[PDB]
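Here's a solo chain for you in structure tokens, the form deposited in one PDB entry.
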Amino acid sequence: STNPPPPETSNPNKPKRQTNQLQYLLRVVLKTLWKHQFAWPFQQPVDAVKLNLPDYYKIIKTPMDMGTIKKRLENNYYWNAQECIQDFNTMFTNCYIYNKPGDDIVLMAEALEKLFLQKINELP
């Protein structure tokens, strides 16, 4: 029983810019979602061992969580705001892929996704 290593949070061989939008995604957008009531299943990588979901990292080929996004932002990992946005989109979409419509985690992810889209809409 072992979960795969979490996604990389630092990479030397990668284009890396430090912009105001990436700074905004960390200070405002991610901090808002982080303090939301539904944040707790997404702040860490999915623990398929404790949740008894042996098919997760086997159905989902590009896992993503807000904890990885956060460490990547704090490491100036992203090339621009769009690469970080793709991680948010990938995280929400992974939830919709693995789980069924109407499931508790899907309804939580849809509420966080709407708040995410409303925040990043007010972007420089």
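Take the two forms, find the largest set of C-alpha atoms that superpose within 1.5 Å, and that set is the rigid core. Positions refer to the first chain, counted from 1. What changes on going to the form deposited in another entry:
Core-superposed comparison between these two forms: the Cα of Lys100 travels less than 2 Å. After superposition on the rigid core, the Cα of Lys114 moves by less than 2 Å between these two forms.
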The other form holds:
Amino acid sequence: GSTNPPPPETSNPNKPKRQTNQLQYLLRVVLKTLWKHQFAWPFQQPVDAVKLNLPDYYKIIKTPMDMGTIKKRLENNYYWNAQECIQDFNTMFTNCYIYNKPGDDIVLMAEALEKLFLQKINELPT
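I would like to compare: after the form deposited in one PDB entry, may I see the structure of the form deposited in another entry?
Keep in mind that what follows is only the chain, not its partners or any molecules around it.
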């Protein structure tokens, strides 16, 4: 049998909280732009491998990540360093490349989201 894992942790009241220009930009600008993109929908929540009848997804992907979880981490002040968020976006993209194969439709879609991501963080405030 196959059960999805629990989503990644998103909120923990023991972790200290800080508001930074970079974390606010990642929420208010970057996540916003990726979220309306044409290709955002597969990435807006955890991959539901039970629904999709994919029992190997979580055999292959051991560090799940998605924009819904990133949104939550940002808005719940889970991240301390901006690079924690940028690492979660890279995990999301790379999970797609790992599970799938070069040139697959969803890989082309992830590649385009990644290109938008990189253009947006080029303008990360200091």
